[PDB]
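Notes follow the structure.
One protein chain is absent from this view; the other protein chains keep their places.
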Amino acid sequence: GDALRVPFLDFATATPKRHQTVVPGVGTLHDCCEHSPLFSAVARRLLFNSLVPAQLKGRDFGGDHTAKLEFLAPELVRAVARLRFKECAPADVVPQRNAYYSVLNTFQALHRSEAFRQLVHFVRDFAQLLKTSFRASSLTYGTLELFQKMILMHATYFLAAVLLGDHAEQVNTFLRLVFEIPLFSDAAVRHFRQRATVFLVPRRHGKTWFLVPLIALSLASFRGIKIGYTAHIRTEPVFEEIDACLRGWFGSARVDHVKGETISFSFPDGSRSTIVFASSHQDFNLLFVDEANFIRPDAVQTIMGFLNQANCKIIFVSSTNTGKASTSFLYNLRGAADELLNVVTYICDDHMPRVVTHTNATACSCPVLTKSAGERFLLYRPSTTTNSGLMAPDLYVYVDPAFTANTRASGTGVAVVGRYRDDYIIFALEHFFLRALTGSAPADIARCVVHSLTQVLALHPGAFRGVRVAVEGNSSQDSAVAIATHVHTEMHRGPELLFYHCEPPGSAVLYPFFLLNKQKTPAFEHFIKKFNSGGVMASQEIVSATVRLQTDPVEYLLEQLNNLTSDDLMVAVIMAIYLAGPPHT
Amino acid sequence: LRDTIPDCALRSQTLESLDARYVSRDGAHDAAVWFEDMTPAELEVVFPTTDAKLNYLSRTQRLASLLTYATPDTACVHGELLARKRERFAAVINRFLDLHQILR
Partner (left out) sequence: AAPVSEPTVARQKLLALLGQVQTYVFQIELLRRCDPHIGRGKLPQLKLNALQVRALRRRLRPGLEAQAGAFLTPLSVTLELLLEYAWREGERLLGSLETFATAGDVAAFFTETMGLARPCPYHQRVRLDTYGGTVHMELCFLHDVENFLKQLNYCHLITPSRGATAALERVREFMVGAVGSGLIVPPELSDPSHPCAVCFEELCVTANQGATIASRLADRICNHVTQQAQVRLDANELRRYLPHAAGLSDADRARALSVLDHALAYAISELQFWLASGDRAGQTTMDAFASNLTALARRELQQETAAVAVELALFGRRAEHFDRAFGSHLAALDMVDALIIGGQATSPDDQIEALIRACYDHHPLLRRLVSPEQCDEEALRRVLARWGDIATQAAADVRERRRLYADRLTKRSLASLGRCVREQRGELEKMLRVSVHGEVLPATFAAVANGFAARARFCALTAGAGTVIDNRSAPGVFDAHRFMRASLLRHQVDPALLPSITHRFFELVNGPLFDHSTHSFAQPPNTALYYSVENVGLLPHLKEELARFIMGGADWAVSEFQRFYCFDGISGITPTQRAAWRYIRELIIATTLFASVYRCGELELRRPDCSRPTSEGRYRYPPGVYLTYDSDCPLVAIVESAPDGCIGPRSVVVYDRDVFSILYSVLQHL
């Protein structure tokens, strides 16, 4: 502690008292200096940089300071020591001095809190024991893995808020500094304060190499705080290891334990914190559940009951194998949860994103559309029948035909879309399967699309001046033309009907089909960008005759879309939207 | 330790002349780091709080950053960013209202 013992620095100023504020360490400044995080986060860190002990600055930090926060050049300090302010207002000097010294006295009183001395004796002792990689030293390095630091943060930010409640902001900032993670949004640090967090480490990555030092140092540093612990197969190795390390780097006269049961660490007082083991089956404050994929009933009840307490943080650190990665007890929890469980995985969701997290693997052991956009897409649907004023007066329909039956890729995709504000909305979807050996496949497909259109038209009467129809002809030009002809004729029983036309290479003829080639990549590229930013949605009253006996049409479309890296519906939807050169009558 | 405001007090004397005559002189000592108070009184009767003053200072900034992007640069990628941000916020607020209209 050096920056807390600084004199007044008279430092007169012109701002009225109705505005000025008192920042610690420095004198009284105008109120704007408390709103700008450019100066606030500097005048707040150069002070808390003194509470941080000398064993938590780093490996190479400077001689006797955190040289990357408090370093003035040997010429700037000599040029600054010759700066002098107004120094005074005789009627106003005493109140400002009183306020500054009162804030600094609040800080100094925070420095002397026994509960803060315990937190220091914890974090400093941890960063010191870690220098030897947690050997049996009585008290080439022992770097922590990522999750082996997340567990420490989850324990320390909790025990800080529990043991030191009257210093929430100051201890929050002190821990932000001591973990060397400043300028962290308070939402994350608040998330660290939560209880009942779940970990999932692969075996042989190190979970017991780090727990028993965490347990030992959360015992010996803090006072009067118990520590729960439970496992299925009767914890004996971890218990004996805790005994060993505690008797090693502390007086063995202090530790007292009965095999497979309570371990207790002595103190000058009668604090006597305990590690009572719940493996063999009050206030615990840790309850380190060491295995959470193998529990037997009537043992989950103690864990469900300790959740009713306000001081326990049940840490579900449990190993995985990747041969049973989808644990019947935890990996399902990731479905309905929010910042609860954090997996430690190096082969992520897909079969091989391993190259991404490859450098992240331990050295000792040697999706085009975003999910959020998909969830937002299916989750929110606009009601088109009641917001018709937001729609453009043109419908665009794309038909991606397959002219076979009794195959899984024999489905015909149909999409009916339009503009909604400046976005795109789907009015209808079909995934249509020819009846085998019909004599009229084009008319069957045409009847399908006409039925879809009609329903869309009836749901929004008078909304549309034009419907523009594209029939993909890649499969068969003649068959595509036949579909257009039947659509043309059937629709003849208001909105004008126009077909996209194509002049095939070497031809002068304009056929009512669409040839998908060079425009595919631009269409897909635009769709992906629009979809991901929330610009493509489905009508709340979306129409589908063919997706009405097994699955929700929007849900079904999204399953096809999530294959981007049977595609008839995806292609029809993406192309109908791309359409929304001139097509004609 | 004589202050700069009780050092020079006279007619316009364009700023560089003052710099030349008073502070750039090497024979000076350069004490008196006391600033002055430049915010007027007609701006405190209507915005009588650093919070209200900051809110007004931000409102006028958000307006100026709209007037400049509304000779034919015509792209000014800041302008395209400011149009994309507005067209995103419009859709986002509309869907935030519509979703809670639907939740009932």
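Letters A and B name the chains as they come in the text, with residue numbers starting at 1 for each one.
In the analysis below, contacts are C-beta pairs under 8 Å (C-beta built on N, C-alpha and C of every residue); 3 or more make two chains touch, one makes a residue touch a chain.
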Among A:37, A:95, A:462 or A:522, residue touching the chain not depicted: A:37
Chain not shown: contacting residue from A:236, A:256 or A:339: A:339
Touch criterion as defined above, residue of A:111, A:121, A:232 or A:421 at the omitted chain: A:421
Identified contact with the non-displayed chain, of A:247, A:451, A:488 or A:530: A:451
Residues of chain B (touch criterion as defined above) contacting the omitted chain: 4-5, 8-9, 12, 14-15, 18-19, 22-24, 30, 33-46, 48-49, 51-69, 73, 76-78, 81-82, 85-86, 89-90, 92-104
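As a working rule, only the chains that are shown with their structure count from here on.
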Whole-Å gap separating chain A and chain B, where each centre is the average of the chain's CA atoms: 35
Contact set on chain B toward chain A in their complex: 1, 3, 30-37, 50-51, 54, 87-88, 90-92, 94-95, 98-99, 102
Residues of chain A that touch chain B when the two form their complex: 12-15, 19, 30-32, 35, 82-87, 379-383, 421-423, 533-535, 540
